[PDB]
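One chain of protein is taken out of this complex; the other chains stay put.
Chain IDs A, B, C, D and E follow the sequence of writing; residue 1 opens each chain.
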Amino acid sequence: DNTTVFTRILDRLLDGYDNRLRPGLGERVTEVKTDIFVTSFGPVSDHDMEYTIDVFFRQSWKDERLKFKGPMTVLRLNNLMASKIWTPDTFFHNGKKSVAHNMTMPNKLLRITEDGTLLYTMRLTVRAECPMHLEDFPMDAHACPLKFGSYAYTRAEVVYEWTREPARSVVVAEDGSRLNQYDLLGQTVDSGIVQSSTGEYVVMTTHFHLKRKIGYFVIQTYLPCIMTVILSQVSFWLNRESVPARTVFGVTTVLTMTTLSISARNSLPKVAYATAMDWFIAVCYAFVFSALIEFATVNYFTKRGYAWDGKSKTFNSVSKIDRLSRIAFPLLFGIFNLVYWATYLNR
Amino acid sequence: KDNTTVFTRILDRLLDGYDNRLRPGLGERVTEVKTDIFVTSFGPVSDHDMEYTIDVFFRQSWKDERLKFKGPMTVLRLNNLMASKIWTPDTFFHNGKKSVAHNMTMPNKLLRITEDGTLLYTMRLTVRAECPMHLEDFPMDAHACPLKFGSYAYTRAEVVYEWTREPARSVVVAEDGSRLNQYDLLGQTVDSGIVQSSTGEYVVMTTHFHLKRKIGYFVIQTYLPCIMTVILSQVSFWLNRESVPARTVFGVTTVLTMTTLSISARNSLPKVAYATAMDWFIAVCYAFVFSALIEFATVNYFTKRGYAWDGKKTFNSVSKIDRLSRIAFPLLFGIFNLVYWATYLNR
Amino acid sequence: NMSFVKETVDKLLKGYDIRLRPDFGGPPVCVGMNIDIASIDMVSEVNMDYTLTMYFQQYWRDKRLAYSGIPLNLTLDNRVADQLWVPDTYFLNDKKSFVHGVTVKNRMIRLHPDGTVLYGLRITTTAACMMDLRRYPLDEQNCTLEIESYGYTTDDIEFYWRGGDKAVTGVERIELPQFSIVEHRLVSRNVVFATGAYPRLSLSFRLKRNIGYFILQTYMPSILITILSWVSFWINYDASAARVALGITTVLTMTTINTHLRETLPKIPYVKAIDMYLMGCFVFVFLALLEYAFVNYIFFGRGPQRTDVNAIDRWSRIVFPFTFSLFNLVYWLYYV
Amino acid sequence: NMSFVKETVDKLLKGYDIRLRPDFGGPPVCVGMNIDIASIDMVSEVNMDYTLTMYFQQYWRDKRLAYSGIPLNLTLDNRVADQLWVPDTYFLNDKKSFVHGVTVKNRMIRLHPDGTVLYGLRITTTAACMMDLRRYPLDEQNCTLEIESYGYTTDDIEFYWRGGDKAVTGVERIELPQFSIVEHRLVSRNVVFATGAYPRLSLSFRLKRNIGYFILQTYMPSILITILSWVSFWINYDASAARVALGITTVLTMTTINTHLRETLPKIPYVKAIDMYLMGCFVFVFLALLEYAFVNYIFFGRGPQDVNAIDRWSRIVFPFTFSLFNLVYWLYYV
Amino acid sequence: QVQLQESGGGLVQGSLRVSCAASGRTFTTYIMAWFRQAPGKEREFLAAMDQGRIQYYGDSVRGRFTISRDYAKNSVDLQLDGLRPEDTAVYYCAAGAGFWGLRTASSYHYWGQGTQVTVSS
Partner (left out) sequence: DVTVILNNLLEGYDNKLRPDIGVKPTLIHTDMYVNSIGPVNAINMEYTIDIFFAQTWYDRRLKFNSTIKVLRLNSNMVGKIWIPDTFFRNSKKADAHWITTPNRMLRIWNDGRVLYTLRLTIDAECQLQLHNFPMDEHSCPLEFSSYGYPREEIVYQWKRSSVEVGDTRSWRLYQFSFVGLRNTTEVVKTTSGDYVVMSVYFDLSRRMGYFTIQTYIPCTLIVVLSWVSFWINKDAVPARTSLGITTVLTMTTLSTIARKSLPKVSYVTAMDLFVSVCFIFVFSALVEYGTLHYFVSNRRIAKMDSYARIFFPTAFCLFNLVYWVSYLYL
């Protein structure tokens, strides 16, 4: 008895219905309320300057053409009928390649409340477009936007909203971080207006705020360069007569800084300016360069070729520029570390 | 109104009694499909996959007697929706891996009807064909990359493919369609062959493209550093016979440099598992460097003392095998270069 | 034997509505799940996901599809599954998934005379599992697969594992080159949400990473380079270009090992166990050259001002292998 | 109200033919085009192309769709576009392109009372370039986009940039990570063939490559390694292992820089301008150890058969030679 | 050094157009804004245009004013419309890449010199 009335309601919905045109095309603006549930904020590619996110994307809008009367108050349609009802063309302004899933059935729900207010809760996967300012690599933070609006319809035709308080509408799942590089602090929900060539559009916005973890770069990139510079300054406490030892030392510490430089620049998008890591590596490379130049200035003033014996003709003294550089270079490197780590942990 | 009515009536009564399943000349004759290709952008030949992207217009023409008409025009333009209800020959590229019919912004198909019945079917294709490449003479080689295409279900007795123009003028590449990083397109070559099978005998149009790899990149990246490293290994002979750590550092770290050159000349190079000519050259140059340090071990066996010649007791004679290695190794290196660059440039 | 079966099929599809749940006003239909796994293809730590290829089979009964008079189980063509009711089951972990289409789209319909229908898809999914990789490579992840009805609540549909202990077969026929499966589980439960209570099953695994690659590739060379850093203590202190070149080429070798393992291992930019280990070994080889610099400044520098070189060498042979052994003890007790 | 609008759409699309060109016997239809570029995603020097995301919009006045009695512009659902006429426009430079499909497929049909119809498409296309990388990384590229009608000739269809020089917008929004857009030009032309003159448009760019990054990564360390090669000149000839370790470890470091910039940079196997600079620096570093071979053979070999002359001469010659090399390089390419 | 130089009038009974030039940096990828500070030490958000041309507005001033940018000449332009006497304050140009942003003064890290606009009846 109930299924008979149900199939009669299903048959007599779409009689005289037209899915080509907006509900109230001359009457009112069509208010569409929107809810988002992020199940995973997937992995953020720095080379492509993009990110991946998975959402359940709930919509709701009142359609006068789909009132009904029956036993129940709420319906649940096929996608065969959800392709036969007007549905607002919500595209994503920064989408690169996005997928509406259909395993196993198409992931589309359409509820009809008995007043005619639809509820259309589909499940997506969004490969978005977050432009990154990388002056402060890797000690930086930036916002990544998720921005949707209607495509064909203007502000005069379709106006979007949120289903709740706006900061509570976009809900990230608790186990839905799914990042290794960055660290999601929180979202910021907003609403805005574009001026395209075709008219003003209501454009929603969710920002996602991301700070990069820096422990990997302190272990891999910063500390080996620091210890290499510490070695290049250390060599001064070898004696001035051991020319091949300090020579091999200086040139191969420059080779070590070369290896660290190229391996640190490899794992990074090829931006066209000076990242903070590039400043650090270049100045450390300059220190290891200046150490070997200082040893050359030591070697030019040697006058002798043999070592001081362990018991006592003349001998060499420790050169004065050795005693100068032993105080000079670690002080300059410590001053540069204070300036660097005080400048770039502040922004 | 008159032209639209006549045109619409001709289109609506063109498909009277037609079947798409049957060949024109079903039991009568052989369908004479006449093909023509304009190659716009001959894309990147991939050495890593034995493939090449070709991006072609593809025009083929045949006569359908069932679809003749009268009227003011001789030329009838068709929608692709109406052209899907007309027989077209099942042409497939024999060595195509994965090719794409373009669908922007419409499907890029065409079908004109001449009033006598000779059709005209142009479409923009993009074929990732298979080119069997042999790297026995890397990088001093030529390749022959074909396009083999025939019908699939219709044999030699039922369809015959021809070329529209004279075959030298049919497959014409663009003047601005080189788009090769690492080759010269040295002229195409056509043929109209016949290839047997188990399910009958079929008609195959081949079109070979003849290529030639440029050489100068591997000269400046691979050949010149190996040559200069071998000459730098020969540099060690013109020292004295007392500087054991210096000539030792020469003989060991030049082997290290040749190892680095072998690694990062072979990694940027597709992994065929046989002896390419570059690998022959790098292995022989590596053998020269190894022979240089074996020469120094032979020298260092016969030294008898640890002091070199003063500015002003007795001293060392210059070694005889140092006097013979200067004549031996650069002459052998020149002989091997003449043998190499005289052998592999006749190929 | 063809006409009668054809008439029964055409009677079953006559007047059928695909938009009607079995027993639409009354009880929940009990759809029974049954997975057979072909393979796990890859487990990517970068995108935090695995890739599962499986045979995914659903048992339920719809009494509109009951037939009598035939003693067979009527296996139909897969194109009749567009003309039946099939459940709206999805995968919550699904990044990317497709039913294969060679040489047809891989579906089955196998009807039973009491109305029971089997429905088998052949699915390659890419399920998303969060990982903690702070114990890489000595870790054990687990990764799941969440199966759930989309629109029907638990008032309308129910789920169960068909043969609830041994539904998912083929788990132990899987040989991953990089991991090992300790054990799988089968959790049957019902979520409660704001819109209603939905049924949800969840196959889970427990992967263990095999460390035979990492000992041979990443740990043993670092150990042997760190041992070769210590040969300078058995070298006399007068030889500067022996001990300096030894310690310098040793820190260069540790730098090259660290950079090549930064290249070949999957790029996971936070702190892992192999990073702590390689950094600690680099610190050891660093101190083994600071020792010689300290010895050279004591002998050749604090000589004429007028503290024993052989004492520092003997005490270093006592300390550095014992310190390295304590470091290995703390490491291989902590990360196990 | 709404019933009149529904009856209006139904009688506009009553008896409509989706194969007739607008004014099928009369004049050619004018299609005015309009692009809002969202972004340029990647510029791949290996594959010689670029990925271009835009809003490709068209205008043509179709007199079979002119309504009356309604003041508002009829913006229909995008699924009426399978029931209309559209131009057969394609892209000559294209490799692989797609109208986006989330959440529904991105079209718009915005009708107008005279019969003007807007046709919008959010297209992420991939357009090819022929790149002159012979001056890499100091090049100026010219990447275009070539729009052409497919079946209709210029007797049937006409293409113009709607607005002259201000059709294509949003190029100033584009912030490429390594390029910098000098200039975009807009070209409208009919292309004479043998089969018939076809219309063509041409969006184009110019991409000046940004060069301070290679000063950071690639040029500066080769300069400093080249200067560290010279340190052997200010060392006594008796110290053999020092000058040999200098020259040898210096050519080893140059080998590592050349190999990891063979691996780091985009891989295009012909002669570039960074390759000439790196190979020239390798030649200078090689000559600076041939110098020590020259010194050691003249003193310790041809002693019984000057050293400060050769060293003092090289200290003046090699900096002048290297500065002349930098002068020739950075004025011949720039 | 980044210089955010302002312009525009400061007194009316009407309309007003207040611009804000930039130098030292290409701000194409940066969210530029206008603020307002009455005597009372409160930085109130007014308007912001994103890199993707999106106008965000303050809540108290929504629909009254209009923000636009010249992305080529690197400037932001606030068009004033229908001025209350309570629109009497200093107008602060700002730029940034707003982090916990678009409404909060601790997101913008580049600032204008501030321009007084005095409106009475």
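We adopt the following convention: a contact is a pair of C-beta atoms (placed from the backbone, for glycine too) under 8 Å apart; a residue touches a chain by one contact, two chains touch by 3 or more.
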Full-complex contact with the absent chain, from C:188, C:249 or C:328
C:249
Have a look at B:69, B:290 or B:344 and name the one touching the chain we're not showing.
B:290
Sole contact to the chain not displayed, among B:71, B:132, B:187 or B:334
B:132
Interface residues of chain C toward the undisplayed chain are 1-2, 5-6, 9-10, 34, 36, 38-39, 41-42, 53, 55, 57, 70, 72, 74-80, 100-104, 106-110, 118, 120, 122, 124, 169, 175, 177-178, 210-214, 216-217, 220-221, 224-225, 227-228, 231, 234-236, 239, 241-243, 245-246, 249-250, 252-253, 256-257, 260, 264
For chain B, which positions touch the chain that isn't shown here?
19-22, 26-27, 49-50, 58, 87-101, 123, 125, 127, 130, 132, 152-155, 158, 197-199, 244-245, 248-249, 252-253, 255-256, 259-260, 262-263, 266-267, 270-275, 279-280, 283, 286, 290, 293-294, 297, 300-301, 303, 306
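By definition in this document, only the chains that are shown with their structure count from here on.
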Where the centres are mean C-alpha positions, what is the separation of chain A from chain C, in Å?
24
Where in chain A do residues touch two or more other chains at once?
93-94, 99, 131, 196, 244, 248, 252, 255, 259, 266
Contacts with 2+ other chains: residues of chain E:
29, 51-53
Every chain pair in contact, whichever chains are involved:
A-C, A-D, A-E, B-D, D-E
Would you tell me which residues of chain D are touching chain A in their complex?
1-2, 5-6, 9, 34, 36, 38-39, 41-42, 53, 55, 57, 72, 74-80, 100-104, 106-110, 118, 120, 122, 124, 169, 175, 177-180, 210, 212-213, 216-217, 220-221, 224-225, 228, 231, 234-236, 238-239, 241-242, 245-246, 249-250, 252-253, 256-257, 260-261, 264
Under the definition above, what is the set of chain E residues touching chain A in their complex?
29-30, 50-57, 68, 97-103, 109
Using the touch definition from the top, list the residues of chain C that touch chain A in their complex.
17-20, 24-25, 45-48, 56, 86-92, 94-99, 121, 123, 125, 128, 130-131, 133, 150-151, 238, 240-241, 244-245, 248-249, 251-252, 255-256, 258-259, 262-263, 267-271, 275-276, 279, 282-283, 286, 289-290, 293-294, 296-297, 299-301, 303-304
